[PDB]
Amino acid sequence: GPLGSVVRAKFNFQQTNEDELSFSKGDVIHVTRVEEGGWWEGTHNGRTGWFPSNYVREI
């Protein structure tokens, strides 16, 4: 830790490049960086990458 913000995926997402995560609806992501522009960074199933912020909700 410290385990910061945790969000849950609202939808599946398929990575389109090496910087992006792939995840499934309902998966948890630990959000470790937020930037303007609609893409955030976090850890999912042991991998760090970027994902659309509108695809998740905080839990």
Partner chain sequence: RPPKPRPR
Second form
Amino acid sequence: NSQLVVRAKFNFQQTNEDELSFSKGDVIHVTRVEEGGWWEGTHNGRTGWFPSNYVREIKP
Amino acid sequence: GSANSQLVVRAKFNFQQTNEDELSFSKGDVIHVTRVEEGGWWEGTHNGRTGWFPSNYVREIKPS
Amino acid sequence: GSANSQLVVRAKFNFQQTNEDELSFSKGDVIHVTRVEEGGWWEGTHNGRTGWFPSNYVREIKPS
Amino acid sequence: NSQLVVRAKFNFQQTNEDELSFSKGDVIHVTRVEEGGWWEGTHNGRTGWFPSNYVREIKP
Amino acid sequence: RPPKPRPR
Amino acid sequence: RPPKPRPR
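Requested next: the structure of the form deposited with the partner chain bound (the form solved without the partner chain having been shown above).
What follows is the whole complex; the chain from before opens it.
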């Protein structure tokens, strides 16, 4: 389905149960693009929400 | 341990799925968590499938 | 409108300053921008003071 | 602090977020003189970077 | 007596 | 859920 992959620009620390914490440089597979400043993605098999302004798209 | 690692939890009680998208497991079973959410239900994998389960039926095996 | 006019933005969410040089404002508040910079933080004036604020917390009121 | 004021010799169009666009003949209050071809200044209450070779000093 | 799951 | 500001 989703072929969108992004890279973490900075460390992100979860502040809510459904958030996806990650380290700068992590590779995240985006599961849903949503307006509002938050996207859903998967890293290390865990799926959760992260700030869309914290990542950069990685082109094939 | 390694940062932002996938959570590992152990079943503390038996659970029979009440819906098709729910997991069924036995006390002692190990589940790898895919979705942590508030509301009493988490998503995880076990025995080859992915499903929802009562978060209060498990206890995380904590690092480190 | 008039060329190269100072930007006017409206707060879309409440914001509490995390540092002394940051602005504090409430949703609906109007800020006059003094510095536009990449990196997620802009400088502006509001209620008599000048400070930094999250550019993603505001929406520019566009001319014309 | 800075008593330096210059006048725009030509129109300048911003190409980056932190640049100060202006029209020929605009009066700019210089906030910092820097080598490299770019100075920081204020016009219309906005402070940003502009080409130093695009302005002429206005003496009192 | 196992805990009661919350409604979904 | 307000957007997350980037670090300064």
